[PDB]
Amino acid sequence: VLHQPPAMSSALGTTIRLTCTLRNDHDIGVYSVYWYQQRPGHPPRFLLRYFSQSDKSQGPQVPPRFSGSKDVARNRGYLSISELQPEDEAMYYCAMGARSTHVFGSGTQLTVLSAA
């Protein structure tokens, strides 16, 4: 139901956009997209919930360089991370539903490269 690419890489200081793709006889225009970061040996950490530019919630202490968006026509939810830092290297999960249920995507492993 939720596709995420297995792995993405980007260099220090850049901006990357992770995609979470509602496949696809459901409408992303009616769901909040939840995003979580997970580092090995640690629990998931809530980053942000994104429904629209006027209906979103940033997680506690998550800097604004983590931001949500959507492409509704493509059934996609996005997590953008600007000014990538070495500690952003982690697993990123999207999730949908409010529970009731919370279905997770398979997660994108993000590698932050020392050099582009």
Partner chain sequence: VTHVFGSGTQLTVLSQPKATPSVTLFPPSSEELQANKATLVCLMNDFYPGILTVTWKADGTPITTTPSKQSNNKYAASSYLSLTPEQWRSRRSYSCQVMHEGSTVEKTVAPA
Contents of the next structure:
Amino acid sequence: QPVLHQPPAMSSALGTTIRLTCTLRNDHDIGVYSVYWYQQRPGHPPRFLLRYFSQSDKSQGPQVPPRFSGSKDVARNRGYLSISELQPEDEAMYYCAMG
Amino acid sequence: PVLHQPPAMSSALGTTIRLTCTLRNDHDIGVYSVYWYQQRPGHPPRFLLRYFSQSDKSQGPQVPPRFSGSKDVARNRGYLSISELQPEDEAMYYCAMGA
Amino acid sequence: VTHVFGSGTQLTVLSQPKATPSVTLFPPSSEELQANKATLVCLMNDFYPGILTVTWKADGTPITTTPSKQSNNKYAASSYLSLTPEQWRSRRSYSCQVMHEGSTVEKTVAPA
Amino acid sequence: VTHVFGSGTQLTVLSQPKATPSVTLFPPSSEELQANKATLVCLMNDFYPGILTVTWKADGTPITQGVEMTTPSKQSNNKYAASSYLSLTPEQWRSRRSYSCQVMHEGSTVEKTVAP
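Show the same protein again, this time as the form solved in complex with the partner chain rather than the form deposited without the partner chain.
Next comes the full complex, and the chain you just saw is listed first.
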């Protein structure tokens, strides 16, 4: 029931496109928050991937490829992180955050 | 290296310790708030606090007062202090800038 | 909600066939029970991706390590339950329920 | 600069009380054997610091294959736990007079033994 929800695990084959989901509890409006996404590999610091509020208000992280991109489904209170051209290095933990 | 953090630090149980986050010279920390996060092995990062000044700051949800921020504008430093150290406090601590 | 993080999603880029965990549940040994102690261990190995949840149950009712990499590049994990010899012998059974990639494998043992 | 995480800093809380691991060794389970399968498990818990090494032995002779070990993980009680296992064939488990699990933790050594 807590504030943000993320499936514990997702998997896909090389070269494909996947979309990770971040769901915000229905007692809050995602339409008022920007969604933040971070990537983290074993024994490494969290790495800011991108921040997305809307199509005219978003920003890419330092040296983070365009194949990484966010969006939203405000009706469903969902935050999205899409990664296409999936590569091995993409294997890692991904965290979303609101604000 | 924009942000700099000493890789490791230690102190005894029930003691108080202070961590240092140094910003890079070519940036005025006087225009940034300092964000501190704690992350224990196996867990997501946890927001501790936000600190701009004695008059402009915020505490993380369910975070004890034993954790307190501050800064040295002159030296471009961001500080995190932890009182009454206990085992659980053993973790990685990251800082970040923003506003 | 500001600055609050989600539990995170582990993404694995498939580099080998998916494999459901092999699960073995060990009951307390005879000598451990002679030392007035009882411990059950649930061993899970040869699974991929390396993410799963474990749940212990006592006669049907639920009770209230992190995956690591094997030589054969598949993953393994273990969990244990501390009981008194009385609790062990007084329940019809204990179980280790392992959920992986949406499937569930559960093993049970009785106080024999 | 904004939103970028600085490399972190590992904090270690000093003066924590040390604890020699308790070692519990389990022989192949009955269900396992009835399925023509055998696995030995060496469970180590409640030890601090969380660093140790294990040596498996067959009839007093150290082994060098089939040996794996889960990573030491901090429990609710702030002490660590971990387990090591040895996969064998039912014939291997019955071929020896004994198997051992030798755990070494900071100048302490504790070895348990099991036999068919």
